[PDB]
Amino acid sequence: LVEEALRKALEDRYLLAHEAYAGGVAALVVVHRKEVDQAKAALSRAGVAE
Amino acid sequence: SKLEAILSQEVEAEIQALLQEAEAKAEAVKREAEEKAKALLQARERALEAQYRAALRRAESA
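Protein chains in written order, with the authors' numbering: chain N, 152 to 201; chain L, 2 to 63.
Worth flagging that the hints you see were computed from the coordinates, not collected in a lab. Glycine residues also receive a C-beta, built at the ideal position from the N, C-alpha and C atoms. Mixed in with the good hints, there may be bad ones.
Calculated cross-link-like contacts (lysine to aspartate or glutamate; reagent style EDC-like; alpha-carbon spacing at most 20 Å) [to be verified]: (1) N/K191 - N/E155; (2) L/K3 - L/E13; (3) L/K39 - L/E22; (4) N/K159 - L/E28; (5) N/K159 - N/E186; (6) L/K3 - N/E201; (7) L/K37 - N/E201; (8) N/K185 - L/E11; (9) N/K185 - L/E5; (10) L/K3 - N/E154; (11) L/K3 - N/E186.
Part of the chain N face toward chain L, derived, beta carbon under 8 Å [claimed, not checked]: (12) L161; (13) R164; (14) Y165; (15) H169; (16) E170; (17) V176; (18) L179.
Partial list, computed: chain N residues near chain L (C-beta under 8 Å) [unchecked claim]: (19) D163; (20) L166; (21) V182; (22) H183.
Next comes chain N alone, as it looks inside the complex:
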């Protein structure tokens, strides 16, 4: 559901996963500055918070 925005970004790019610590899933998404800021705005529209 959050990776839909990552597929909307560059699909083979933007290292985005949640490793461990199931109290809150550490969904980290790393691509760039500008396109990653746009994708972070799109993910916060989908529901996300840094």
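Position chain L against the provided structure of chain N, taking the given hints into account.
Positioned in the frame of chain N, the structure of chain L alone reads:
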């Protein structure tokens, strides 16, 4: 990764643009140095032959 390869592309593109700018700069540098040296060498035939001719003028008159 895609942006692995894209950041490698960005590094290669900035290095290639850097070296093309440096090529244009070095060509202009050798151009301006050669123009200055040949302006020197063009002025020196005047600055030497005029002295030689004026010397022969005053020597002939003497």
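> Out of the numbered hints, which ones does the structure contradict?
Replying inline: Structure breaks hints 3, 4, 6, 7, 15, 16, 17, 18.
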